[PDB]
Amino acid sequence: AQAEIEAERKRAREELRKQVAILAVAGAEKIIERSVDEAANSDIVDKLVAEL
Amino acid sequence: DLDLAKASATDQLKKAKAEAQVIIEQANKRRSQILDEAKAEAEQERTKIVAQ
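Sequence lines, in order, name chains Y and X.
The opening residue of the first sequence carries number 105 in PDB author numbering; numbering runs sequentially from there.
The opening residue of the second sequence carries number 53 in PDB author numbering; numbering runs sequentially from there.
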């Protein structure tokens, strides 16, 4: 029974960190959506070509 | 009287034997009693420690 309790704790921690990860990356996308910028964007292009 | 001793001895051994054979049956049953008691008190415990 104690093993089962500990297993439920692990399971719930994991299924929680999943929710936060989902919302986290969706929010980071919504952040890029309005920090995107022709100058910074062209800088991305420059860096990727320079690394190419 | 030789065979008085012989016969009474044989049947007296058999009675000791049967008395053992029935001393065993009570033993098997008592095991079942106490072991099912332990099973009950195990399930009834688990199913509320876990609910807690």
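Treat the hints loosely; a few may be bogus.
Claimed, not checked - Below, computed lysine to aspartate or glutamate pairings styled on DMTMM-like, alpha-carbon distance capped at 25 Å:
| hint | chain 1 | residue 1 | chain 2 | residue 2 |
| --- | --- | --- | --- | --- |
| 1 | X | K66 | X | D55 |
| 2 | X | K69 | X | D88 |
| 3 | X | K100 | Y | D141 |
| 4 | X | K91 | Y | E108 |
| 5 | Y | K114 | X | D55 |
| 6 | X | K100 | Y | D147 |
| 7 | X | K58 | X | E71 |
| 8 | Y | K134 | Y | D147 |
Calculated directly from the structure, the hints in this document are not laboratory data.
These are the hints, each one checked on the structure:
{"no.": "1", "hint": "X/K66 / X/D55", "verdict": "16 Å, holds"}
{"no.": "2", "hint": "X/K69 / X/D88", "verdict": "29 Å, violated"}
{"no.": "3", "hint": "X/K100 / Y/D141", "verdict": "59 Å, violated"}
{"no.": "4", "hint": "X/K91 / Y/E108", "verdict": "18 Å, holds"}
{"no.": "5", "hint": "Y/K114 / X/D55", "verdict": "79 Å, violated"}
{"no.": "6", "hint": "X/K100 / Y/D147", "verdict": "62 Å, violated"}
{"no.": "7", "hint": "X/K58 / X/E71", "verdict": "20 Å, holds"}
{"no.": "8", "hint": "Y/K134 / Y/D147", "verdict": "20 Å, holds"}
Checked against the numbered hints listed earlier, the structure breaks hints 2, 3, 5, 6; every other hint is satisfied.
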